[PDB]
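Visitor: Chain by chain, the residues:
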Amino acid sequence: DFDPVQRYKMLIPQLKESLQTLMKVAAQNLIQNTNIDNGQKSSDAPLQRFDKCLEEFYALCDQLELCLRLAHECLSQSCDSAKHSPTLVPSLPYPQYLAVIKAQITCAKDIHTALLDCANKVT
Amino acid sequence: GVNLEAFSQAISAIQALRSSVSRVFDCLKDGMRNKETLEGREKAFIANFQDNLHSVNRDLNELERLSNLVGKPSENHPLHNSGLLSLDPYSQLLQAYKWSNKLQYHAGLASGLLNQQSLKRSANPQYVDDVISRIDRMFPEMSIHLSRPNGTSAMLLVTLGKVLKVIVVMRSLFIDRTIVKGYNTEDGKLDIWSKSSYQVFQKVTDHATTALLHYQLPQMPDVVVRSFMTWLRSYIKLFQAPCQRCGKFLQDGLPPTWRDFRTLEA
Amino acid sequence: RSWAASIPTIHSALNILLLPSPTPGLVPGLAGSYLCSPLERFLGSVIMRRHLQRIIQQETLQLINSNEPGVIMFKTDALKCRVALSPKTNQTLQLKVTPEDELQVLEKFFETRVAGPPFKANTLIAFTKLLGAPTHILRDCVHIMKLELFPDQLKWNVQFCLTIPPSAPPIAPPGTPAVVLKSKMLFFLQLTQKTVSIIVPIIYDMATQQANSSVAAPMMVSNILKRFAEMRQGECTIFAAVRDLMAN
Amino acid sequence: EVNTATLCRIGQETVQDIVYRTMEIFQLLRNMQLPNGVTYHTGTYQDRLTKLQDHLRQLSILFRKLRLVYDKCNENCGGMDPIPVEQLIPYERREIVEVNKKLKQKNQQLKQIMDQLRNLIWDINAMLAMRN
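First to last, the sequence lines map onto chains X, V, I and Y. Going left to right, the first sequence walks through residues 52 to 141, 153 to 185 as the entry's author numbering numbers them. Going left to right, the second sequence walks through residues 8 to 96, 104 to 138, 159 to 218, 223 to 304 as the entry's author numbering numbers them. Going left to right, the third sequence walks through residues 1172 to 1181, 1184 to 1273, 1281 to 1332, 1336 to 1378, 1386 to 1397, 1401 to 1404, 1411 to 1430, 1434 to 1450 as the entry's author numbering numbers them. Going left to right, the fourth sequence walks through residues 27 to 117, 138 to 178 as the entry's author numbering numbers them.
Do not rely on the hints blindly, as some may be mistaken.
[Claimed, not checked] Pairs of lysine-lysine residues, derived as PhoX-like cross-links and limited to a Cα-Cα distance of at most 25 angstroms, are as follows: (1) X/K164 <-> I/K1377; (2) V/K112 <-> I/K1300; (3) V/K116 <-> X/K134; (4) I/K1288 <-> I/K1300; (5) Y/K91 <-> X/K183.
Note that these hints are calculated values from the structure, not bench results.
Work out the full structure: start from the sequences and follow the hints.
Guide: Structure representation (structure tokens):
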């Protein structure tokens, strides 16, 4: 069971080192390409794919972005729950909390319908 | 919970890192368009590395790190998912939360920019006052109290940190006739009108009267007394005087614009 | 091929595969509450497939491979617990050796409604518990006919297979009661809800349920268990009549 | 019973009131928190709901009257229709003037009366200054 902060902390150094490695291999591919094209063939060695490098870099970047976004969403959820409901859970009777949530939803829907009828009357 | 702002900043930072990587690899995919004297545009390449140095800005997130590590399994949220599977219509609660927050911020910005009023004029309750005073007394280090010794008007006194207590007579609203007295107070048997000072606290009382005549609104006395209490509480330090030295005159106190500075500066 | 490669769409058909609608293809109209998305339905279906295959190969008995993965081999003979052509149809009528006739279709529709919109993975463990032919041949058939087969408060269908579900009030929550092929058979048949709701303790003492509302529901349950001649199986139809009328 | 200038003034006041009511509805929408927050379950909730309902009904009536007065001002273009004095801004009535003079005289009399009244009020305030 890994945590968002833990996964972020373990992914950041992997991301940095992957960036370093991909930049090194890109520079190697570039100098090899120039030596074979501009000058004479001197780098008699096979280079790397060079596609997997930045591909996995972008993959880890997307992973980090989405997990940090999930953590932000969780914090926002907690904040909005604490603002729209008191901190009470098994203390508060669960059916009463469900009824209160249903009434809150109905009240919000009523306010929205009132504003919509208002806008329509403005039309 | 300001850590949400920190996580949003981190998201923006990593997205900027990705964008900078894309931009520098795209710039490397192009040469000198038209230099004709020197390919100095390669220096922009180095400048692009500066944006890659902005990756170290994401390392600044390690300072903002450790934002949330607790229990509280999602704060009383799971009702149908972790509860009644048949209860699928849950997300309506989150929808309502977002709707309410959006409405709140929208109306806040609207009221903030609606200061440009367009109404020319209007042409073709002691319990409430005590309740408003008690509600305003809800701020820390702002112990106030009232007694109403004489008259149906309100006699309110405030003592925040020092012996600089201030009295303000009210008429259920727009409390005028301010009198501040540093280190004595309620002589005789009730509030007094000595108004003695050290040629500076009297200036403070003048400032308070100017604010009262300035912060007077046509209606809604709640916002009026709230601004009054904030304006008075802003005097909790009296230790800094920008725009000049700390000794421009006898004393440097006048925060009428939400910031204290050297006196005699209008 | 065994991998997709840049398949195009041209027009609002993308919005058709988007815009979560409560129409799951044929839409039998027997159920359906949440607006499922076609892409969400596809993804939930395939992840449920992967999870159920992992659990089948984990503990219980598995089946051979074919074009469409089927590991739904029942006790005697049956295999219909998957929607292979979920966008097209869930067509799987393998066989049947005992009504558990039309009862097989009932159990299949029950498993489908359990999978449905994947609000969670409880459907996995629930179908995993479906391994005991005794006490689940006619009793489970009646439970399905009462769940979503339009029967005659008023016996509200209530079932749950969550991990420590906080919905029911905690009185004595055990570890994980799924099935026990022993004297004290542990079988959490379903949940209990009428108009409020309560937990439904059950422990089949086969040589059944041998276990405010909690002040009168277990007493009436024990009284009905003592007089066990109400109209082999523990409680198939008597529990329904209790939850419809005696639940007051 | 033309009342045309008064009608235009009424229309101006009505649009000003529309703006002020917009400000008011925004100020009353900003303080509409969650229903089951602390104590305002339905009482103050439904109270402000009915309040904004009356607000919107009044605003709709005001828009109706604004449309009506705009149509009346448009149809009022009878005789001297161009009237180019707009860009050309400069750079019996006896009975009305006499009624105005009599009204101002009565107003001066009432002003002296109010002066005596406020003098007595200041005197009473002075007495209270002597109170214990």
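Visitor: Mind checking the alpha carbons of V/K112 and I/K1300 for me, to see if they're no more than 25 angstroms apart?
Guide: It holds: about 24 angstroms lies between the C-alpha atoms, which stays within 25 angstroms.
Visitor: Would the pair Y/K91 and X/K183 pass a check requiring their Cα atoms to be no farther apart than 25 angstroms?
Guide: Between Y/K91 and X/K183 the Cα gap is close to 14 angstroms, so the pair holds against 25 angstroms.
Visitor: Would the hint linking V/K116 and X/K134 be met if the CA-CA limit is 25 angstroms?
Guide: 14 angstroms, holds
Visitor: Take a quick look at whether I/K1288 and I/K1300 sit within 25 angstroms of each other, Cα to Cα.
Guide: 19 angstroms, holds
Visitor: Just to be careful, I want the Cα atoms of X/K164 and I/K1377 compared with a cutoff of 25 angstroms; is the pair within it?
Guide: 18 angstroms, holds
The structure meets every hint from the earlier list without exception.
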